[PDB]
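K.L.:
Could you build the full structure based on these sequences and the hints that come with them?
Spelled out, the chains give:
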Amino acid sequence: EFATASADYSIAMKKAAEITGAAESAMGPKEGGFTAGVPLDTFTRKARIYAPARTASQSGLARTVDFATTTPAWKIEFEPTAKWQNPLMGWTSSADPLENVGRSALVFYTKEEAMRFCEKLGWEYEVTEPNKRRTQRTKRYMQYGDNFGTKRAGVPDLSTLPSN
Amino acid sequence: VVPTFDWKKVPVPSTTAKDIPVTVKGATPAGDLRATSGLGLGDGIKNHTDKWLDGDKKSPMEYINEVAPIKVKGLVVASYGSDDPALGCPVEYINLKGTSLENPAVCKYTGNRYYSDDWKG
Amino acid sequence: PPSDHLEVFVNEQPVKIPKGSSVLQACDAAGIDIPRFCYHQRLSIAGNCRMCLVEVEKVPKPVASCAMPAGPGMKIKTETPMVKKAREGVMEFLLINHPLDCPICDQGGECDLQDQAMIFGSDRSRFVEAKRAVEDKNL
Amino acid sequence: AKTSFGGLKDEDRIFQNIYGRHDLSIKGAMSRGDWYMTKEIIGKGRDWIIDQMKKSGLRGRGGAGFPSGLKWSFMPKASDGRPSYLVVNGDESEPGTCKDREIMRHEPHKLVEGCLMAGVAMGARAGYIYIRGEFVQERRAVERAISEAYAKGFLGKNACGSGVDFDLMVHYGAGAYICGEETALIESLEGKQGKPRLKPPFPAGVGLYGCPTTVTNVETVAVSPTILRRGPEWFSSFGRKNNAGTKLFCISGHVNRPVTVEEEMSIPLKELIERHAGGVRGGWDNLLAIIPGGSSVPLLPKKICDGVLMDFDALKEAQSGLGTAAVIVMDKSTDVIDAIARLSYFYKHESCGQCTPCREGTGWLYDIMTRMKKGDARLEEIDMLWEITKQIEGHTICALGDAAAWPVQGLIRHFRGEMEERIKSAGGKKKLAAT
Amino acid sequence: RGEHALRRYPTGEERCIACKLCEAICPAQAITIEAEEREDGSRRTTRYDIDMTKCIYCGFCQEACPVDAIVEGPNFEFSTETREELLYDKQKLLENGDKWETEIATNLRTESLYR
Amino acid sequence: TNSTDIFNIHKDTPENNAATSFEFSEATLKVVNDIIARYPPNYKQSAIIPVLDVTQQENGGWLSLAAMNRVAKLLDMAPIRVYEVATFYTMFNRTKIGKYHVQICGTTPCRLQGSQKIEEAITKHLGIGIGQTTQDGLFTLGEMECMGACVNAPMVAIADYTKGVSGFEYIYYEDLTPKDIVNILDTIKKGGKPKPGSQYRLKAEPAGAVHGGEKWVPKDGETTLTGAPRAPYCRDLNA
Ligand SMILES: Cc1cc2nc3c(=O)[nH]c(=O)nc-3n(C[C@H](O)[C@H](O)[C@H](O)COP(=O)(O)O)c2cc1C
Ligand code: SF4
Ligand code: SF4
Ligand code: SF4
Ligand code: FES
Ligand code: FES
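Protein chains in written order, with the entry's author numbering: chain 5L, 19 to 182; chain 5M, 29 to 149; chain 5C, 46 to 184; chain 5B, 49 to 483; chain 5G, 117 to 231; chain 5A, 42 to 280.
Hints listed in this document are in silico derivations from the structure and should not be mistaken for laboratory results.
Accuracy of the hints is not assured; some may be wrong.
Think about it this way: if two alpha-carbon atoms lie no more than 30 Å apart in a straight line, the pair counts; the simulated DSS-like pairs of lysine-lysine are [claimed, not checked]:
(1) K136 (chain 5M) / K136 (chain 5G)
(2) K64 (chain 5C) / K106 (chain 5C)
(3) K396 (chain 5B) / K165 (chain 5A)
(4) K85 (chain 5M) / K136 (chain 5G)
P.N.:
Written out as structure tokens, the structure is:
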């Protein structure tokens, strides 16, 4: 029996991605970036390929690598660029063309997707493998009965009994 | 064995020591840590209201400081910010025990003070 | 080894889990993120939030997946009407005394309570009584 | 196969000195049949006593009715490095129930011998008794009986000259009805607030200090030597199937002769109350409702009460419970809504608050009931109250949520007409100013 | 829906508590907010600016605010000779609110039956 | 929780503060040490409740912060657990009370018997309500839950703190009318000892009752266990 989030449009997005002929397309390095028509200096900067780690504020795990096949969770970012403030108001002033386009739009299911995207676009890229979460607990308090086992202070000594 | 650590012998830089943000009595212990942002540092501003208010106009802090605390029967008070609840703030339930005219409970939404002489005092 | 990895079923899915694992951990291995409030990875099992209640075959009561050990051959259900009913009731019991402090609360936007209420809770309240007022503390 | 039950003979009553009319020292108890042939009964064997208790079919008198013979066998028959504990629940904070108080005040020797027999039959190295804190004179009598038994060699090393070693210690609470639960009592005993644990694990698997421990009611323990001495066959001679034996009954309320009396099981309420209690104040026709099992079980109206028997398997099918077999009687001049509201207020004050649903819903239930009492409520809010009761029930850590939810459930189910009449009637004293 | 304005309570204290719902909801990105705790422990703004040359007057800010702090006043004749005069700060918004409070309160006494 | 204790946190007072001074008496220390022997040394924390109670009589009927500190230092445990236990149990009073502590059950079986009438009589005579104390520091009124004396309801328990731990008395007074409780209070005031238990019968044996909470109406009916006590007997254990 197969059941992997089998009650949504995502299946319709699973297929039409594996269409024969359409699934064999390939482009060379920097080739897609030529088709972009953007200024050529865009490819000179460095980019970070990664998945953001789970925030400490919440126990939520949806926007994490745990549901990797469910949602595209690989992000491409750029080095932040010079920023300053408006003399008249104090608002943050900057000239970065690539300021937010990645953190808002660029989302990928696997790291290899972003690798191919950068290669076909010519963006030099860094890979940062996210740390794996640990599910195995500690030896102490391993089970609910460990909160009240004998390991806390050892076996009770029967020396204070009447007649000892 | 395990001797105590002398906290008073620790050297403290004078410049940093004299710019710690302290607070009036208000809603907290007097002189506790006050959260501050980087705004006003370039202009060398160490007052919250001075960041946005200009001149010797009456500040909202002075306005609310002119309202005497309110005496209400019971242990829990309900604050709406207006006579009709829908025209003010969300309803707040504020503890009244252990509160006096000297040490009342101030509204977190509106800043109004309340107290009750019902907790056996 | 004497089968250190035992087998259970969660919503008719066979999942291999280590011995001594909980139903919470099994559902985590099943790809389900059960709502929870008191359990933490690095802490002991508290099990007072009642938000981890799930349904198991041959069990008339909801069981504490944050605390219930998994037995071989166990069946776990997470989408039954009683599961959602219990989740909504627990959220309602959470929110009845909670002060309406979201506009002034700093955790608004990253509040587990708020998101869990949005997902596993209802939209309306039938509580119209006076709440419990708690004085703040200095630490 | 007898079909009519009741009329228990005095010569068959287990507790001959339930009122303290006789001497309370060890000489009187020994002359009254207690501490008789104790050593030889011990020498019979662990499995022999287990079998004798299993044949009796005696149920746990704490309020659950579990078969004690299977209960006492749950302790392991091997040794692994941990000592075995026996603990007796002697709080009796259930409203309407005052039988264990009488047992501890007037018949402590029977309880001590039952403790020794239970420890022998389960291998508990030492014993502990958790008495209610307010029961100070009862505690003093228990301590006196324990010291007297020690003085004659009944307790300690070589118990009664049998080779087994048994110890008994006394602890008293500090005013918490929550401590009446097994795990909560263990927790208070450990030196913490009486906040219960979760099952699994079990006290027999992991109990006090992580050691095997069985928690038992005072009444269940006390009757054991008499059952052992007089026979499981004699014990089974009373009651219906799976409901054999006698029971101590506490009758209160609007009763002509309130009393704590011993009687055969399965006796009808009408027989049990009209006789041995003088009937209802103002007559049986003045009866309105009765809670037959303390305060946690659903109450029954006059129609259900007239005809039903005092049995675990008779009150359960009536959507009620035998509970502690404590009788509370209310007449027609009584405000039933006020009674249930006061019970809810008591439960609200008694909830430990460890888990969310009970902790947060006791006050909600109390306020709902209080508004119902003044009639400041609506018809659909009754169904809302029932929905809330369903919300709490079976969703908490311990059964105290069920104990608080059940009385209002039966109240609604059997007197929804009274509540709606009150709700409408408030309009005759509240809507006249709205117009 | 006219000129945005900041409202107070009748004792004189600002209604805005810097919950930043208005900035979050604003699709015009015309609201800039900075805030910290006041010297009395009160949670108040340190910078409250709305760009009228950028504000679209949608009123979604007035819909989002749960304390009736930000309101679009009945003032609509506020054209200026320079664009800089329309860069509304906290002080000018408070001035506008103090000016137009009575009319706004009267309108709310009507709109409350619908809002 | 109970009456007269509205706070679960410490409150500063010249009487009760961090500077409060308390020390056990030699008899109290001996009694506590004897109580200590009831539990294994590696589980020495289990005796906290009786020690707290004994300290409560020793101080005069309530527990101070310094007393809690001394108890914690005696049992070698953190003060936080001691504070939790003290705030967890009803009998433990954290505030100064009168010489005598009056506790009334408010549970429904007691309520039906006329509990509010007894409370009203106490209020009218002693002049104080629940959570209050007389100006002379003589009587302290409090409300309690079911005290396990429902067959003799209504009932009242009064605690004595005028004679310390060795002279501590916790006496039940049952089957009461307003006249009964008023006369009991007056006898206590004049220095006499009111009789314990019921005011119209010995124990829970069948007798009359209190009709309407104001008058005792004796009634005659069948009573059990009126014959000679049964002789010792045991069956044949063999087969
Ligand atoms: C809220 C609550 C209060 C209880 N109070 C008592 C009690 O006061 N005395 C008692 O013997 N059992 C009490 N019990 C039952 C105990 O949990 C447990 O079942 C009992 O000690 C076992 O007695 P048994 O051996 O007769 O079955 C209470 C249970 C609950 C849920
Ligand atoms: S049901 Fe109530 S008393 Fe029982 S554990 Fe939960 S909160 Fe505590
Ligand atoms: S104006 Fe209203 S919505 Fe905007 S920050 Fe202030 S209180 Fe929040
Ligand atoms: S009216 Fe619309 S554009 Fe103007 S500040 Fe409010 S949300 Fe922004
Ligand atoms: S995680 Fe707290 S009840 Fe399950
Ligand atoms: S009802 Fe008052 S002692 Fe039980």
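K.L.:
Tell me, which hint numbers fail for this structure?
P.N.:
Structure breaks no hint.
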